[PDB]
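Residue strings, one per chain:
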Amino acid sequence: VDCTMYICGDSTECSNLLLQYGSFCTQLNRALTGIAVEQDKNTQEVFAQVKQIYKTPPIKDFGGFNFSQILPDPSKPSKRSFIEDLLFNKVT
Amino acid sequence: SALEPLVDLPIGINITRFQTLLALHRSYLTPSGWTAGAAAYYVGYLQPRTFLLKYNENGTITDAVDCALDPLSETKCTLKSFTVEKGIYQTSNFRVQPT
Ligand SMILES: *[C@@H]1O[C@H](CO)[C@@H](O[C@@H]2O[C@H](CO)[C@@H](O)[C@H](O)[C@H]2NC(C)=O)[C@H](O)[C@H]1NC(C)=O
Ligand SMILES: *[C@@H]1O[C@H](CO)[C@@H](O[C@@H]2O[C@H](CO)[C@@H](O)[C@H](O)[C@H]2NC(C)=O)[C@H](O)[C@H]1NC(C)=O
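Those protein sequences? They're chains S and L, same order as listed.
The first sequence: position 91 = 826 (full-length UniProt numbering), numbered continuously.
When you line the second sequence up against full-length UniProt numbering, it's residues 221 to 251, 256 to 323, in that order.
The hints are simulated quantities; they were obtained by calculation from the structure and are not laboratory data.
Just so you know, not all the hints are guaranteed correct.
To be verified - With a Cα cut of at most 25 Å, we get these calculated DSS-like pairs of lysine-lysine:
id, chain 1, residue 1, chain 2, residue 2
1, S, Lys811, S, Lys776
2, S, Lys786, L, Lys310
3, S, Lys825, S, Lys786
4, S, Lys776, L, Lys310
5, S, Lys811, S, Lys825
6, S, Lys790, S, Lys814
Can you make the complete structure from the sequences, with help from the hints?
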C-alpha cells in the first residue's frame, strides 16, 4: 500500500504535510513488505521441502489402491488432482 | 571533489545573470597586445537533488550518489548503502500522468 498516494490522492498540497510525519509513510511499507516477504517463506517451507520433483511411473499397480483421484490430472491444462479442483471451486 | 564553504556572507540580493572576469595586458611594437595566453573554463547549473553522502573516518566525503539519476540510483537511496545486496528492492512508485 502506497502511503503517499493512499493518504494524499495525487496532490502535493497533502504530500507536503505528509513529509512532516516522517517515517510513518515509509515504515508502513517496511511493515507490509516485512509481511509479504515472509508470505512466500511460508509457502516456501510448507510446500517445498523436497529436493527433486518426482513423478509417478506411467503405470499404476499399488495393490488395488486407486489414487487417480489424488494424482495430477494429466488432461487438465493445469495438472491438478480431481480433488484439488473441487477446492478451487469452493473457495473464491 | 569536496568543496568547503569559504565565507557565508549577508548578500540579500537575487542574482539572475553574470559573466566572468579576465586579466589581459599590453604589448609593444611587433608585427595593442591583448588576450594573454589561452583561456577556457567549465560552467554548469545547479538543481535540487537528494544526495547520499558518505563521510570518511576523517569526514572527507568520497562517494556521493544522486537518487533521481536513474531507476537504479533511487534504490541505493532507499538502502542508504553504497553496497547493494543481490536481490530485488522496491524503489519509489510511478504513476501515469494525465494528458
Ligand atoms: C480408479 O477410479 C477411477 C474413477 O474413480 C476409475 O475410472 C473409471 O473407470 C470406469 C471403468 O471401470 C469408467 O467407466 C469411468 O468412466 C472412469 N471414471 C473416470 C473419472 O475416469 C478407474 O478405472 C479406477 N482405476 C483403478 C485401478 O482403480
Ligand atoms: C529576482 O530578480 C528578478 C529580476 O531579474 C525578479 O524576477 C522578476 O519578477 C517579475 C514579477 O514580479 C517578472 O515579471 C520578471 O520577469 C522577473 N525577472 C526575470 C528576469 O524573469 C525577482 O523579483 C527577484 N527575486 C525576488 C525574490 O524578488
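Hint-by-hint comparison with the structure:
For the given pair, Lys811 of chain S sits about 28 Å from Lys776 of chain S by alpha-carbon distance, which is inconsistent with the 25 Å threshold. Between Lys786 of chain S and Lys310 of chain L the alpha-carbon distance is near 23 Å, which keeps this suggested pair within the 25 Å criterion. For the proposed pair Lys825 of chain S and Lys786 of chain S, the alpha carbon gap of about 31 Å is over 25 Å, so the pair is violated. At roughly 17 Å between alpha-carbon atoms, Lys776 of chain S and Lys310 of chain L fall within 25 Å of each other, so this suggested pair holds.
Distance check on the hinted pair: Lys811 of chain S and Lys825 of chain S sit about 18 Å apart at the alpha-carbon level, within 25 Å; holds. Pair hint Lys790 of chain S plus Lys814 of chain S holds up; C-alpha atoms about 12 Å apart against a cutoff of 25 Å.
In this structure, the earlier hints numbered 1, 3 are contradicted, and the remaining ones agree with it.
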